[PDB]
Amino acid sequence: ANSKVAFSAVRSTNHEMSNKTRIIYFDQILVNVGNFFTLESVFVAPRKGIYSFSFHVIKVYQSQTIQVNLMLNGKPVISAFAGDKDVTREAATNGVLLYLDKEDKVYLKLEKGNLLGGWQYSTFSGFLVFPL
Amino acid sequence: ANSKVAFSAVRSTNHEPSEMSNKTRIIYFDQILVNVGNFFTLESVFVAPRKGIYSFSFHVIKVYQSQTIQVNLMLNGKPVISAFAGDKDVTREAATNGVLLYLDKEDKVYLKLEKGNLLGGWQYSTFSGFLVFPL
Amino acid sequence: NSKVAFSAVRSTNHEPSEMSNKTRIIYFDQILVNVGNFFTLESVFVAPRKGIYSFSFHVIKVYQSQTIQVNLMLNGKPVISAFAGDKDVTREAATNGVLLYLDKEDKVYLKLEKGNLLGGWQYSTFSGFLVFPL
Ligand SMILES: *[C@@H]1O[C@H](CO)[C@@H](O)[C@H](O)[C@H]1NC(C)=O
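Residue numbers (full-length UniProt numbering), protein chains in the order written: chain G, 64 to 79, 83 to 198; chain D, 64 to 198; chain L, 65 to 198.
If you're looking for bench data, these hints aren't it; they were derived computationally from the structure. A couple of the hints might just be wrong.
[To be verified] Each computed BS3-like pair below joins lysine-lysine, with the alpha-carbon atoms no more than 25 Å apart: (1) L:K178 <-> G:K114; (2) D:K151 <-> D:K168; (3) L:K178 <-> D:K67; (4) L:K171 <-> G:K67; (5) G:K67 <-> D:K168.
[What the hints assert, rightly or not] Using C-beta positions, here's what the derived DEER-type ranges look like: (6) D:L198 <-> G:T104: 31 to 41 Å; (7) G:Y127 <-> L:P142: 33 to 43 Å; (8) D:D150 <-> G:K86: 35 to 45 Å; (9) D:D150 <-> G:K114: 24 to 34 Å; (10) L:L198 <-> D:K114: 20 to 30 Å; (11) L:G183 <-> D:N139: 24 to 34 Å; (12) D:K114 <-> L:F196: 16 to 26 Å.
Backbone N, C-alpha and C fix where the C-beta goes; we use that ideal spot for every residue, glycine too.
Isolated chain G (complex conformation):
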């Protein structure tokens, strides 16, 4: 039970972010065991452990560049990029394992760019690999 933690979220075409935080949100929740993925955007770790994270953020409008940072408690840990102005729906993708303690916050930030065209079909997933 308490060792079972996972979330998976997708950006659809729903039409329900700030220049400060620039948090990328995912409206369609596919998995949320434990309900620790909150506000369509932020994962809050329930316990100390190793967690897997992966994401694909779609650069839809072709002539733009984006940079996406995976954030841990307000600080960047990994980065992804998409800036091929010949390509439509190019993914800025990366993944990582992290050592998290209880109440650690992990989310995606649009560090650079504007996601012109929207970011439909973008994905963001995470799960507890094992507790420590």
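Given chain G, put chains D and L with the ligand in place with the hints provided.
This is chains D and L with the ligand only, laid out in the frame that chain G set:
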């Protein structure tokens, strides 16, 4: 019981799609690296043995030039996530994505070539997945 | 060792070592996770026990003029490949991922099969974990 489940497959040649695959549009992988539980069948379809959360990932590599491709991860005949590879005039291009799904027993997960033809083959393409935890 | 995982990042834009140029092994300086310490300082993973392991990588470059091919290697042999390059963009990633059956002491690592890492490979990642022992 059936708590260890995982598969992993790769397209090892540049051979063209089979005549059957042109009518189902289901992308298949001939080289099976992992198939614990033997739940990955027909070199293409994963059948969930039990209720739980399952991870999936895929990298479909197209050559130049098959037309712009769209790959959907399918769950019981309906698309869940999609990836795109529009040509950037290079020798090879990749349509990639991954996701966690809540699956029930006998649920079927597979890859569909929604758009495009994969002319020139899809060598080096990969498709993987595993049970994260039963539910 | 039921709990085995590593995750590593290339944190700088520094050129590869002369040794690295010789071995073609892509190395990572920043280790975020290394439970069991089976990911060595030479950026090679040594499987502690028989089991199914997950591996993912992203090799990111700022200079993409020439083609790069990255192979995931298992005891000196390629298992999967990733391609990038021959482009002029901000940053591009050669990426792929796979599950592998490993026997104990099997060696898994990234080799630059084609191309170079002129300009550095900052922000590149390489991760792996034991899904379950067999
Ligand atoms: C290794 O090769 C790269 C690519 O040509 C080059 O930039 C780098 O300077 C080489 N390393 C050394 C120590 O010369």
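Quick rundown of the hints versus the structure:
Proposed proximity of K178 (chain L) and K114 (chain G) is contradicted: the alpha carbons are some 40 Å apart, above 25 Å. For the hint linking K151 (chain D) to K168 (chain D), the alpha-carbon distance of about 40 Å lies beyond 25 Å, and the restraint is violated. Between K178 (chain L) and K67 (chain D), the direct Cα distance comes to roughly 36 Å. Violation of the 25 Å bound is thereby established for this hinted pair. A threshold of 25 Å between alpha carbons decides the hint, and for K171 (chain L) with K67 (chain G) the separation of about 30 Å lies outside it, so the pair is violated.
For a cut-off of 25 Å, the pair hint linking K67 (chain G) to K168 (chain D) stands: about 19 Å separates their Cα positions. Between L198 (chain D) and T104 (chain G), the C-beta spacing of about 21 Å breaks the proposed range 31 to 41 Å. About 37 Å separates the C-beta atoms of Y127 (chain G) and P142 (chain L), a value consistent with the hinted range of 33 to 43 Å. Here the CB-CB span from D150 (chain D) to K86 (chain G) is close to 38 Å, well matched to the stated 35 to 45 Å.
About 46 Å separates the C-beta atoms of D150 (chain D) and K114 (chain G), a value inconsistent with the hinted range of 24 to 34 Å. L198 (chain L) and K114 (chain D) have their C-beta atoms about 23 Å apart, which keeps the hinted 20 to 30 Å range intact. Against the hinted window of 24 to 34 Å, the Cβ-Cβ separation of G183 (chain L) and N139 (chain D) comes to about 46 Å, which falls outside the hint. Range check, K114 (chain D) to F196 (chain L): about 18 Å between beta-carbon atoms, so the 16 to 26 Å window is met.
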